[PDB]
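Asks: The residues making up each chain are set out below.
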Amino acid sequence: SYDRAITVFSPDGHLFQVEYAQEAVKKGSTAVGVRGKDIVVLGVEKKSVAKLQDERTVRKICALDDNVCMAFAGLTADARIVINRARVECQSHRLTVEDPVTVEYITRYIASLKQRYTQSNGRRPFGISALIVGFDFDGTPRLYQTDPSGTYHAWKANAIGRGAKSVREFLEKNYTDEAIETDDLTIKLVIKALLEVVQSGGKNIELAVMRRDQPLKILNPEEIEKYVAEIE
Amino acid sequence: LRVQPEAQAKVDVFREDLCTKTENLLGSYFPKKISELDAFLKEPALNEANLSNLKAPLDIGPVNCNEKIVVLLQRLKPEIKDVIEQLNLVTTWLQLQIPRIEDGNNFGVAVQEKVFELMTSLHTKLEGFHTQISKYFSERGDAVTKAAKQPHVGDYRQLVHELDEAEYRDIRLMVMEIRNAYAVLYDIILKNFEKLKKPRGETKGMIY
Amino acid sequence: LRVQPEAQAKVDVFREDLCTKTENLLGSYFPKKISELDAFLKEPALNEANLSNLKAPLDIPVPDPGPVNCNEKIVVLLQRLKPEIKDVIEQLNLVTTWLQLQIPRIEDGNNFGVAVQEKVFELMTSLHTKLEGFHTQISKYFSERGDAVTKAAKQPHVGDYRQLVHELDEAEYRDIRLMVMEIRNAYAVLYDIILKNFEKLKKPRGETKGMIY
Amino acid sequence: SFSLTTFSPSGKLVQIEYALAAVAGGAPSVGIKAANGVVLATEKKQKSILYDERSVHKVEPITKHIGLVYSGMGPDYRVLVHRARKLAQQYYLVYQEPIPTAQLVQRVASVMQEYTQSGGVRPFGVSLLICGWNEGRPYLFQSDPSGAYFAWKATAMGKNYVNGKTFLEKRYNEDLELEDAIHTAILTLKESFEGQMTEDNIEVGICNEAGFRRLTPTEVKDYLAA
Amino acid sequence: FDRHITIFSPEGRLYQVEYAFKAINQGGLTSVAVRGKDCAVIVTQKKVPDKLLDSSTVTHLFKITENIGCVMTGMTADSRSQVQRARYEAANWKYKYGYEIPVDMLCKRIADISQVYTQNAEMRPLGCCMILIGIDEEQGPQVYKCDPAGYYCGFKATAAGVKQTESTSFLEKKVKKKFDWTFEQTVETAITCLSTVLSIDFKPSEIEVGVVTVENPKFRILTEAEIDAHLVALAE
Amino acid sequence: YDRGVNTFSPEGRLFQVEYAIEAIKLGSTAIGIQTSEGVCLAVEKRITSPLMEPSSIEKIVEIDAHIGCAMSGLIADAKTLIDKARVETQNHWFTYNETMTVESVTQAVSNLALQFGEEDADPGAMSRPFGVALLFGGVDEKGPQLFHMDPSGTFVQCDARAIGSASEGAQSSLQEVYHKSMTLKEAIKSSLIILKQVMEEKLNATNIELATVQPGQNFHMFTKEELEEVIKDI
Amino acid sequence: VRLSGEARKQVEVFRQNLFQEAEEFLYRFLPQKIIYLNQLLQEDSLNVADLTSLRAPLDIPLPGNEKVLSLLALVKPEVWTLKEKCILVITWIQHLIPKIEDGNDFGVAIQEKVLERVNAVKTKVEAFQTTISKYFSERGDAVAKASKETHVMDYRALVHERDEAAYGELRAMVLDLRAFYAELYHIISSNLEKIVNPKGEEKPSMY
Amino acid sequence: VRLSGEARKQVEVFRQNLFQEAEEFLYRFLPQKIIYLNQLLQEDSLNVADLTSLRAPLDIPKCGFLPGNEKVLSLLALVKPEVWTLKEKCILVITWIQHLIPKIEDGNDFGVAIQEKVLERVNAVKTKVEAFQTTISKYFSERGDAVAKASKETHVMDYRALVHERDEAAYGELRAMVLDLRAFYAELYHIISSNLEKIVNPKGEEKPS
Amino acid sequence: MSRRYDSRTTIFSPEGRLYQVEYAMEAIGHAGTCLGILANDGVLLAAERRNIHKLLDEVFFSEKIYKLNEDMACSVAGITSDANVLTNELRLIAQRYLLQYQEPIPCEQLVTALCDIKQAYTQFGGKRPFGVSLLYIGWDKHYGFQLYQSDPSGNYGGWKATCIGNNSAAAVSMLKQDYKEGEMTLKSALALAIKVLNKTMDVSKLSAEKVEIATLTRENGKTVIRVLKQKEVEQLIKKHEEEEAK
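Line by line, the protein sequences give chains A, B, C, D, E, F, G, H and I. In my numbering, each number is its position in the first sequence, counted from 1, plus 145. Counting along the second sequence from 1, when you hit position 161 you're at 157 in my numbering, and nothing is skipped either side. In my numbering, each number is its position in the third sequence, counted from 1, plus 6. In my numbering, each number is its position in the fourth sequence, counted from 1, plus 480. In my numbering, each number is its position in the fifth sequence, counted from 1, plus 17. Counting along the sixth sequence from 1, when you hit position 25 you're at 16 in my numbering, and nothing is skipped either side. In my numbering, each number is its position in the seventh sequence, counted from 1, plus 168. In my numbering, each number is its position in the eighth sequence, counted from 1, plus 34. In my numbering, each number is its position in the ninth sequence, counted from 1, plus 12.
To be clear about the criterion: a stretch of chain F counts as covered by chain A if any three or more of its residues have a C-beta under 8 Å from a C-beta of chain A, and this derived list gives those stretches:
| id | region |
| --- | --- |
| 1 | 9 to 16 |
| 2 | 44 to 56 |
| 3 | 66 to 80 |
To be clear about the criterion: a stretch of chain I counts as covered by chain D if any three or more of its residues have a C-beta under 8 Å from a C-beta of chain D, and this derived list gives those stretches:
| id | region |
| --- | --- |
| 4 | 35 to 47 |
| 5 | 67 to 79 |
Rather than coming from a laboratory, the hints here were simulated on the basis of the structure. From the three backbone atoms N, C-alpha and C, an ideal C-beta is built for every residue, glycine too.
If we strip away everything but chain A, and leave its shape as in the complex, we get:
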């Protein structure tokens, strides 16, 4: 087999391999997500295709379970492996425990994989950063972000991909108790969070929402334009 260390230290202590991994995270498309009041909403920009691609495989907003969904920004390659093996854990947790999955329980097992891939022999750190968001028991939503390094955080409003820091500046300034008040204001905030990094993109914004007991629902392009129609 192939056995050697990949990521090694540096004279300044920083990790060459891991920093280049987070660099590829920023090179990907811009994805955003927020934790609403009674709901959760995800969104990601779409590079504009010209009259070709099908939106079934292109959709970057997936669902790990009925309780928890996710989005990703980075290399599309490593994203599909995490989505598959996380859904396995969701069914394995229900197989082991009759109680449903917990957003914090599933999130840690995800980022824990990327930590294993970093320190394992011959493996590689992923170039993806995923937003794990879902509903806990009693209906309390939770939004967590992963890291190629294996850490995970908690975020009320979050933005990933290209210009993630630029949108985060719009977040911290315009995020207040006025934000994510209602299902409408939560979605309009996600749209406005994608309006800074958009250059003549227009309709390219696609949205998704999960409402209480119901599972992730994809807003139709016309339903998206309904909330996009109000800008000024």
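Based on these hints, arrange chains B, C, D, E, F, G, H and I on the given structure of chain A.
Replies: Chains B, C, D, E, F, G, H and I in isolation, oriented as in the chain A frame:
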């Protein structure tokens, strides 16, 4: 060292002044200055086809050279001094944009050094252009003096006629060298500017 | 660039002209000039045993209590050598041009055949440095001898002045015998450099190939 | 334990690119598919008269209806003989039938694909010509070091294959008898091979309805009449 | 890079394998073997640097099986390794197929072991060439030579070592005359070969001569006393 | 890159491990405290944005009722070690039916840290050392015990040890203020004084986390009640 | 960049019009000047190796040689004109330099190797131009020092040596000059595909 | 390329003559010239220990003829032919090694690298021989111009004091050159003889392909 | 062992990309030009043959066009050796699916199954990645007619029309211009391939032997796949032969 919000900020203002000039030069001064040399080379005085008429006949006091060629030297000399000034302003600006020295993420620093080394070719050539012009004065002045010393050899009169053409030939070369000094330099700056002015940094890792 | 059936052929025919000339140089011109420079070096003019034979007599009487000329033999020997120098330099540049016309596009695949062309090019520039210098050396021997003869007649006192004139006569004479041996050898050297690698010099990469990888 | 084959900046495979360069530097080999049979002609060049010719043969049978030739590194071909023969027997176990030509060369080239991928193993420096007869259809295939097998009515390889293909652009016609195709391949190698032309130096074999049969030097001597 | 490990050279060569060919040549010993009509003989240089060394303790003739002899030329480190590995094969042959291994398959299996050294980059070729002899009931005397590259072929007259170039020339001169093949007179040809090349006239202890015959398929080593008889008494 | 992991230096040091201890200088400043009446550990959360929740991020977690934790540098490297540390801790009570001593906690962690290697092992082994500086406190029948651990893997009983970026001047400052019998409440005082001085941000209940362990009181995580009291009682 | 939006499009004159103007010189001007120098090489005055026939009469105890000046009248415009065309090729490569990047820089290395050879040719013709001015300086100083030389026939006769060498060098210059036109077009036209488009400008997201 | 039969013969005769000359260079020319200069060094002409008596003081003024140093001028008759000879012979050695360059291959080229190191060592000797030619022409230019300068200047005598130093510096250099020339003969012998195996046969041509 | 010669594909560039993957996309561009079209009546697939010689035979059904299963097919542009590895793995995944659910595998499921295997070598193992780009056609019970394109990095996506290999920038540009979304069907849109394959091929006089065309259409509840007759494709080219005159 400590912090001096006044005296140390005067250095930052000196940098912000050069940063303000650099953007003003690229968007205004350079595009106009490069075009001014185009019409300068298209001037019919530099397009002269027959150089047999510009040969200065020597009387062998009644000693003089071609005044039209000297005027052509007097027209090119300011343009040589104008690019040297603009060459030093960019060279200083490139040095003040150098970030701190670190082992990692040093690729962008080498990119700034690669563009910086492209200026060294211009520092030497521009000084050699004006020095060569001043050398023509001594060559043509001594050729007439040697002809005035021994009134025998007629090749010194042909040597002056050659140096009369040798100047004009190198003028048209230098005019193209001066125009290429602005034009190529203006393209190199635009080729490395926009997102590579700050190649790395302001990105980090979300954690540590 | 636009495609010209004529203007582009002007370079192609110019390359094909150098191909025919190079074959005539290696096959005919070089072996012929080796034997001529061999008999020119073995010539009794350059076969003189004692270097004192070509000392140019100059009568410059030292004051005791004028006619000055050069060595007629050295001038003729230099008059014969200069055409062979002008011929070997011009033809070497044609061979150097021929190899540069055989340089294909720059790619990493099978580029070691071009690396052989680079070594052959460096060997011709080494010859070009020596051959062009010999043309300059003889031009220097003219100014150095003409000035030393003038200085010898300027101060007819020190015996080293009239001696230095005879030493430059001995110097140029042995210098001729060296430069003739150089060009005579440079024909066979360049002949052996090209002919051994001519398989990879004319064909740097295959002929026409590739698998549609 | 690591594969040394990497992608060049132009996209080419450097290790496999030099693999064929070793194949072209070997002995010439040609083949022709015409009429009811396929002929394969190779040139065996010893280093002296002190080496036995009949001891080692370049033309080797795989199964009754299939045989192979090669040009390239000798030892690398001996590995493929064991793996090709053993693969055909594993075929005969499952389907209890002789192996077809298309099925064989597929998984045989897969062995080439494995060692151009798995680490610690160099690619093959050989290129093989595949000869087979199945269900009345003659099969002439050509394999390379990379593992890509094509279909050819006729082909040339090894040394001087450019002039060998030029001969096949003319000397090769359709509706050509197998016997005339053998003498045609001899005319192809007439310019390539120099010196003394004998029946021991050239090695020829064919496959037809009766199956793959290697030719003896005595029979080749009659085929050298041209 | 290509000159160190085993990878394809830009010219198609293998330098790790070719530097091995110089390693067999580096051993400083020249070996010759000739295949006769009724016999196959091997004559190699037996070197004794110091008198403190012993004869039977250092020998270049090894027995793979009873009917197959083996001679080795190169750095002795790689010599003993192949012979033990060959005996793990020849013996295994009888455990499976139930008869003495032929010289054909013995050279094929040993080559395959050496072929892995060239194909697998983890290992290295071995610095000793192997010349295997023997006899079969069909082709009679068998003489093969296996290089570290894995190539082997029937050789009427083979040679190895520093003098291999000069040895091959004299072996051609004898065969060019259609030399009549008899047992002991062929033993001379292999001995006279090394004798004429070095221009020495070796002592009986300076050479090592193996023999195999149709009458005796079991490999034998010629006695040094019998060597002295056919050196001095017959130089003719 | 032109060097190995286990390659020795001409001065007798490891290239790998030397940069480990060199890497921990970028971590978060934290200090442990060992008192006669109990053990006290504090850590700076170092929150990079108000949207990031300081309550979810925990650099001090409960292994056993006696033993706490500490984290610095890369957070996930500590989480990997604390996971197996909590497994072997319950494996102790699963056998001997007793709480694991503070010493046996670090012995299990020191074994897991020393196993670092690449070749001649399984892919499930950790290839590179952790950039974490560990502080394991606790109180048992033997009394309060506080241990220090670095990427090397050693554990030594110490009254107080500073970790993180400020560990240089903090460890010398912890020496001066802490002496003799100084107890819990008196330790929190000098703790929050030195920490607030070295870190950039001002002291706040949500900017740092604090927890203590006593003989009679097991590991108790300080909520908004206890955190807001000790910051204004400084 | 937030640069001024005026005069920005004025660079298209030198990046396109002048860029295409340098293109017309490669496949048209350069081959036509090769045939022109061929007419200069067919001149029978370059093939004469006789000293007395080449050199002009000189009377010293001042007649010069105007036949070499007639050759210089042909050599000077031709050697000096190609220098401008080589300078235009240098700028022609400058417009084709892609933006800074790590990978796919093999096309940049091609532009560096070609432009380095152009600077070599530019230096060779520059050394020729310096030598052109040296024919009058050396010959003028030769007869000047020989004018004071009376009893010495050595140095006075050696003045004609540079007069003969002038004919052989100018013939070698024009011969090497004619090659410079073909070598300049041969190097460019070969790699022209990769010089104009050093990276085929192809970047896929996928990530 | 194409060529006739006489073309090969013109080169072959050159290959045979230069090979026989190179063979007579190592085993005849070199051992003869090593002892030749060694006898000149032991000869009382070059063995003079007193450098003060070898000087040729000249008067400082129908002016009397001022000769050069009789010792230096006579010893340069030994030095000068040996400088021209060694330079001519090294060229034949440089050229003959260049003909031994095997067909250039991109691998197994260390046999060529050996010849490259030999050529660089001979080029270093050839450069020092050319420096000896300058030294021979230096004494005539330095002594000649200065003595007349010492003749026209009667106020400054110490010009002749340097002329006395030119006599001592020359004899020191005249002996140092022939000492180095004999060393060059010894260096060319040991380098070529020890490397003769790889110079003539850089490639064994053992390639099994 | 000899880490000096280890290329370490898993190492990221300072630009944050992969060395081998970036050079893999270029190697695909050197391959032949292949295109595909998703229409209403079915899927359309056409591929040029860059190999042109008088001795070529191609006894198989097609060169760059293969049949994955009953309901699906594929094309290829890239390294020809690694294509057979991916083709076999697609046939293994599709048949192992038939074991459990006893139903034909949908189009999207079979594509994402191999792409996990493609990028698994870029994630670890040290083995070189695959330089093969594959086009996917077929029909499934739910989504129906589908057209998919794959990349050597493991990324993929749905496409209504696309092109792979040489002349990618020119063909795809010419494709979109006249492409009729959900309108122009097999009969009509088949004339576009011949029109595009003639423009993509630099050599004029497009030959039916130099190209290959295969279609897949489900009719009467049964999937039908075939390779179009060269004699008819010639007449299909005879259409394009008379198109510039009229």
